[PDB]
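Chain residues, written in single-letter form:
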Amino acid sequence: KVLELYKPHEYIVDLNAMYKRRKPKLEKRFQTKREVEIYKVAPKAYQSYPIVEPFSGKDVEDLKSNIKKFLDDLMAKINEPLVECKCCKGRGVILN
Amino acid sequence: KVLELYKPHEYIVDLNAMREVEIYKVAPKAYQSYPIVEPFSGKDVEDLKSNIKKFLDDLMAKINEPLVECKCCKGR
Amino acid sequence: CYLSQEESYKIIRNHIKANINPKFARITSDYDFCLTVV
Amino acid sequence: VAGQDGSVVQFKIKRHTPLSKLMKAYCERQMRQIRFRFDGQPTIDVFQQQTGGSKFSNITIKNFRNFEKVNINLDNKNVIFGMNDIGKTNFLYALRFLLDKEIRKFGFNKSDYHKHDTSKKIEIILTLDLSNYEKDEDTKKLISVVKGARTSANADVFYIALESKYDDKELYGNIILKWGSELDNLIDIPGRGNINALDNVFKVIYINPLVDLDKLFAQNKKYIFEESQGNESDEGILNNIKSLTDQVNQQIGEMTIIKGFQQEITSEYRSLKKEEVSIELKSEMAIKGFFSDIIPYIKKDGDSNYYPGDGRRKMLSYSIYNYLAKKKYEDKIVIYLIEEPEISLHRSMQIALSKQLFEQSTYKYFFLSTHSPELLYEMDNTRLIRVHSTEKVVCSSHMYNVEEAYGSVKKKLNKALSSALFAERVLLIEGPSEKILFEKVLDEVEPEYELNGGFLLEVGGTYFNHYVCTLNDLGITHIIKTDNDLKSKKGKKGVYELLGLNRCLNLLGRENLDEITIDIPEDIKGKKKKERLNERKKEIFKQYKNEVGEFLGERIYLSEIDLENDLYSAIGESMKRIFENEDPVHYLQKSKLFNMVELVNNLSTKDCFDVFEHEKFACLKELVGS
Amino acid sequence: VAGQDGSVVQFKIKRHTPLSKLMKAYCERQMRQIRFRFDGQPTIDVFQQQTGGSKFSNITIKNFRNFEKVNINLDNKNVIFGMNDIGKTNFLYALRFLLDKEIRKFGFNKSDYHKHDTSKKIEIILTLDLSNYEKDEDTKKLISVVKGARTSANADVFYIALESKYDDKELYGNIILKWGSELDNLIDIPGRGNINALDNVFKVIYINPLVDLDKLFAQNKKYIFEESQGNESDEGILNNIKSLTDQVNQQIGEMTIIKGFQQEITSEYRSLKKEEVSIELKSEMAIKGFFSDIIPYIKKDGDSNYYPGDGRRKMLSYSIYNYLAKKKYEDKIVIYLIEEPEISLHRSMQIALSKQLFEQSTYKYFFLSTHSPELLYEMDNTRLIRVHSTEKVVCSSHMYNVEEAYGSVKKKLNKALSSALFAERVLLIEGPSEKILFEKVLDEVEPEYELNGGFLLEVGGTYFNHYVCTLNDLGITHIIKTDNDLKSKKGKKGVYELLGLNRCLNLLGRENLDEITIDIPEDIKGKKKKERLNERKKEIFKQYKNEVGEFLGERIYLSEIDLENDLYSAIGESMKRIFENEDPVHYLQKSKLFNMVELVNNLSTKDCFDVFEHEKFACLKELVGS
Amino acid sequence: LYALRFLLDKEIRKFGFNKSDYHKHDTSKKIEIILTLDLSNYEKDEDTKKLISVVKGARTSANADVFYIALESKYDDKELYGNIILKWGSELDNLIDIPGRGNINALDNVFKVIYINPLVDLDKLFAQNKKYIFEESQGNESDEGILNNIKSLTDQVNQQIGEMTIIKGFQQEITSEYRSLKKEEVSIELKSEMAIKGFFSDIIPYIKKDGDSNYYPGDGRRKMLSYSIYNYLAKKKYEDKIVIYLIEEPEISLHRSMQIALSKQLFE
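Chains as they are written, first to last, in the deposited numbering: chain I, 198 to 293; chain M, 198 to 215, 231 to 288; chain N, 160 to 197; chain A, -71 to -42, -38 to -27, -10 to 255, 258 to 575; chain C, -71 to -42, -38 to -27, -10 to 255, 258 to 575; chain D, 39 to 255, 258 to 308.
Rather than coming from a laboratory, the hints here were simulated on the basis of the structure. Any given hint might turn out to be false.
As the list claims (entries may be wrong) - Label pairs and their computed distance ranges (CB to CB):
no.	chain 1	residue 1	chain 2	residue 2	range
1	D	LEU306	C	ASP131	52 to 62 Å
2	A	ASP159	M	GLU207	49 to 59 Å
3	C	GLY200	D	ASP64	21 to 31 Å
4	N	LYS176	C	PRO396	50 to 60 Å
5	A	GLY183	I	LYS198	14 to 24 Å
6	M	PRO251	I	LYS198	37 to 47 Å
7	A	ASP159	N	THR187	35 to 45 Å
8	D	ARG139	C	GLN194	55 to 65 Å
9	M	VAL249	N	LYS176	56 to 66 Å
10	N	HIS174	M	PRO251	38 to 48 Å
11	N	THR187	D	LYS82	24 to 34 Å
12	C	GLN(-5)	D	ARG139	33 to 43 Å
13	C	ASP131	D	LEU294	51 to 61 Å
14	I	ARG219	D	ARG139	54 to 64 Å
Beta carbons: idealized from backbone N, C-alpha and C, even for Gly.
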């Protein structure tokens, strides 16, 4: 899920952080887009991905409706936009 | 601070249905980006105890003080 | 309706981490694969 | 003169005559755009200016080890094979000396000169094509480095030359690199210290079959994780891991047995020398960080264990190469020198590697040296270089392509042709019935024909043009044994096309003969129909006797009727006796596969020699090489 | 129950039941002489007392590296192949540890134990057959060394066991060799110092894939000359050479530049140290003798130059092995462990090596580990051991023989079968027309079927018995797609034999059906005759539907009429439009090779999927593995 | 020194004698190496008891004070091999073969030869001995808890590595490349080697200067510390065998001050 911040986020990182012995050197970056994971799925047992479930229907058209409805709400919860709240500088999200 | 949700007995009801905040860092000696702890100084042993005592309370009252209602964006 | 083994473990850890009393109990190992409270 | 697209034109050569007239004649048949080159110096190859072709045109090797003077045409993908193993290895080394900094820095020994004659100078010249400047990004990579070494007149061509003259005083051969658009005058490649301008544009990756996987992951793990960006979550995890490893070292120091040892060994050291030091037992990873010892692990799905399967590790080592090829070097031209990949590789994995090399776009430029036909199962749009068995080191080059007509039979065609490339004499037969008979006859006559270089390649339903053109260009002797066939056009009655004659004519370059009509009565059926067709076949064979004579010169042996009738002429009484039939030829044709096996089983050694020595089966003598 | 000759007998098994009744039943079907063993411990293999069989019966490996518990049958000539490269290498090492003194002297590390579990005991037991004592000289070699370790009751069998238990105190695994006729009690092999009695009888020659020729000639040149007799004339020549080399050294000392250097370098040495010595420059060969540096030179006839090529060095290095094999070890049993000979070997040389291994008698006993089908082109009377792709390391063994019936087609049969051995699923088809269609259909549907282990093996004119028996014994899945065929008997009219049905019945073990008669009018010919036969084929297919049902269980797919008719049942409408002929089936059968190619060219992706999904072409699904 | 190794060291002896090992390359002569031992002070010397226990009946009460360990070798011109046969006994005229099974014999149980060469890598030296040093020591409940705690920490390290986006991205991408190469149900993971094998696999000694936070792998610092490990093992590694040290040219690349320090260790 792609959500943005009004004020760009200021933070400092180390490109020497992967190694311990050498002295750390600081470098600034400015991130305005925050990404949160909302849907992961696998056809089979792979890593920690949840295995997708087979669509079931009492009738072929009933199965079609189940597939159609499931896709609509799943897609809707992804397409609909979310932005942070300035009232709490990013503690919670809100519709823009 | 754990402001994600109010604590008692919600994970169960969510199962039946079917941003991180940094508030205090400290380190005895320089390590990563942790701030250096200040060594307590007191003229008298009882004076020092009172000095560090009041330092613990206001710091930890900040730690244990509850979350903010967050009117606009609330829980989500 | 039988709950999953891993899901069963997760809720206990989440609640134990939630409302234990540091006066009387402490958590030593707090990991996804194991949990010990002393 | 040989065209760029495989066209061949024959011209008369005259002594004390300028080549301008021949150039004008060739241009009129097809001047500033075209360039004429002979053996790598400006058969005569042509350069058709702005065409869709490889950057690499050809390479010339002079006085380098085996190569007295060798000019080899090139392409993006090149496969080198042949019996001369030293020739193949030295060819790859000549490329490394020209383009690889690590090999070049060692200079040339006395042995690196031809016949150890240090008086002669070593020359390795690579010719490049820059005509497709705007279409190709790799051309822009080369042009940017080259800068002013080019000339606007020769903006399409470019040369990279390596020269070396031995220094008898110093016992050293110095390699000097030159480049430029004009071959007569080439300026030295500029450079500072150990590196030169050429090392910035060209990257040579030498893949050897014996490569340790963890060694391969060791060098590249640095780039793979610094190139990618790091967000806030990764930085927090990175710092968290450092804390975890620090705690591991702290917990190690808290053990009684470890604390006891390091205290004792410290006292032992202090007694040895009065120095104010202490000894601590700390984990090496926890000191260097997790990055120092991270390695890939093959994890079977559904299995929790981590495994350090040899074949699994061998194949995945190529996956790292594939992964790096996508994103490691976007600023340089990468040339892969893959030498004998089939070594200790299962044949199923050899086919998998073949698909990667030719079907995929991962390895844009490579030179592949192979001994196994399986690596050529998917070959297409590649240049085949064959090193002849002679010690003189002759190299024959062919640009291999599969036309759109052969696209449906490409898989079957490539599998058969790949084995024929590793042969000296190839006999082209039609089906298994010919193969069954010829294998039996050769077994009794020349049982080790395969050892000497013979090969029985069977082709069916396709013209011989694809096979012959490839074999002829590579210097492999090709013999065609076909039979005179009449094929009936669909939807048209009583009209046949000389399919057997047309295939041989197409090999000669002549046009296909028109279809002829044969009038038969409706009552005439079965054997009567067949013998009527045989009569027409005999008449047609006699009518075109001049063309048949031409075929014999081109090692094309056309049967008057078919193989069975030729076989009957060679051994009539024997075939009639074992077939116990009035007409053995008709019986043999009823079930070709089973009856030929029965005939072959009952054949004697004398009959096999009769077939071998017969005039009709002269192809067998040609295949054997007698 | 598995017989020694390949015959298999099935017996029902109960629970809590002695094996004596089963042994008695088998003896009655075919008791003291026969011996029953299961997985190398006394399907169960049998013993056929005194035969001409190999001395080597089987080998058992327990807890050694990969091999948790593996029993492999053996023969004089053994070929081991498979995807599991580690399993193949470790199998050869297990033989070296048992029989090679040099490998055995190093003991077992912790890694040599299965799963690194040192608590388990490594066991490597080799079972030998001594029944043919009077006719085999190598048996006499073994029993002469063994002496009293045998028993008269078990005079036919013998065991050589390797045992090792790890010593956690010493971090060492000691190898203890035992032998004897009774497996329950084996005595330690007697020995003094480093050698034991077993090292006197067994000689293991490990032919590594890459060897230095001059290295190989260096050690053996000592024996080669001393063993031969030296007459007086040779003695005079030997003394004359010594005089010549002495004169060479004397002449070197007479040179001014040599005398000048050695005089002053003596002064330099004397100034360094007041020692009364002199420094002389002598040729090393003239001091050691001509024998010290004598080496073979490959001299091409008609050329006076002497040369140290490379492939010829590999080939000639084998002839040294050939020469030594004839006349070096006449007093011991020589076992050759040839590992991956095809490495850097031309395919023509691989066939030459194949002929040496199997056709010749040079290598009586050997274990060959190979990845190349070319080394199996001449395979015969050999034991094939296949290591399965699974990590568990299963080994399937088959004793490969070619019958006298197949002797005439042995060369063609072996070439086709050798590639199929390196496959998981093999589909047996008749000719190239089936191959052309299936290759096109698979290319559109499952293009990488060859990568996954699929293989299209074409067999024609022969029964499937030879191919299936080999593939089934090796654990390779075999699928057969044949067609119901009627073959007319020679010399008889109107009578046909169910050749298509008989081949499938022969696979099931059933006897061939009798020939049937067909009455047709003389006027009925051509198309009318063909459709009449097709009607009978349909009737026969319906009549034997029970047998056809049995075939489907054994992955045998018999066409009702032929492949063309099955093809019409799937894409008939598509066949009609592309052919534009009235009868697509009849037209396709007129010229099978050319018409199939034309049809395959015009086939679309949808038609290929229609053929793949059709019920008649279920063999394609089986070959793919879906 | 080699003659001593051939007699007492199993590793050197197992290779046999070449043609060059014979005097003047004359293989007709028999190589003979005899070591004479004294067992008179049996009642006081514990190492004498170690030898007597292994020897068992090879001794004679008449010659209970003297013992011989002999090595004989006659070249086999047929096999181009010189077999080493070890004999022992109290009487020199007749010595019985040293009993043994497989590769080891009774002599290898009593005698341990430690060959110290000047070029010895310290981390190499610590590699084999670290196994013994920690298994022999007694492990209490508190140490057992620390073992389990460390194993949890290393497991969390591997788990945290998999949570990195750049690590997750790569192993997902290369898994697809491997799957494209061949259709095998296989996943690729990037795990720390130490965390898989445990902290014990890669633990090494770090020479830390006093008052210094840094950890350092000086060369002479290592050479001296390598000897102290030999000293530490000498105290407690082999209490059941006679240990003979073959120290060859210790002064190579050793400062003269360290040479005197080594001299004090050897003699004082």
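Verification of the supplied hints:
As the Cβ distance of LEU306(D) to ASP131(C) is approximately 55 Å, the hint placing it in 52 to 62 Å holds. Take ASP159(A) and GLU207(M): their Cβ atoms lie about 53 Å apart, and the range 49 to 59 Å holds. Distance hint check for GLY200(C) and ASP64(D): the Cβ-Cβ separation is about 29 Å, which falls inside the suggested range of 21 to 31 Å. For the pair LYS176(N) and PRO396(C), the beta carbons lie near 53 Å from each other, so the given range of 50 to 60 Å is met.
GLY183(A) and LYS198(I) have their C-beta atoms about 19 Å apart, which keeps the hinted 14 to 24 Å range intact. In this structure the hint that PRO251(M) and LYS198(I) lie 37 to 47 Å apart at CB holds, the actual value being about 46 Å. Hint check: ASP159(A) to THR187(N), Cβ distance near 41 Å, so the stated range 35 to 45 Å holds. The hinted window of 55 to 65 Å between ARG139(D) and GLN194(C) holds, with their beta carbons roughly 58 Å apart.
A C-beta distance of roughly 26 Å is found between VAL249(M) and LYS176(N), which places it outside the suggested range of 56 to 66 Å. Between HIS174(N) and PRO251(M) the beta carbon distance is about 39 Å. The supplied range of 38 to 48 Å therefore holds. Between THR187(N) and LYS82(D) the C-beta distance comes to about 55 Å, which lies outside the given range of 24 to 34 Å. The hinted window of 33 to 43 Å between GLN(-5)(C) and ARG139(D) holds, with their beta carbons roughly 37 Å apart.
Between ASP131(C) and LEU294(D), the C-beta spacing of about 60 Å keeps the proposed range 51 to 61 Å intact. Checked against the given bound of 54 to 64 Å, the beta carbons of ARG219(I) and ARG139(D), roughly 55 Å apart, stay inside it.
Of the numbered hints given earlier, the model fails hints 9, 11; all others are met.
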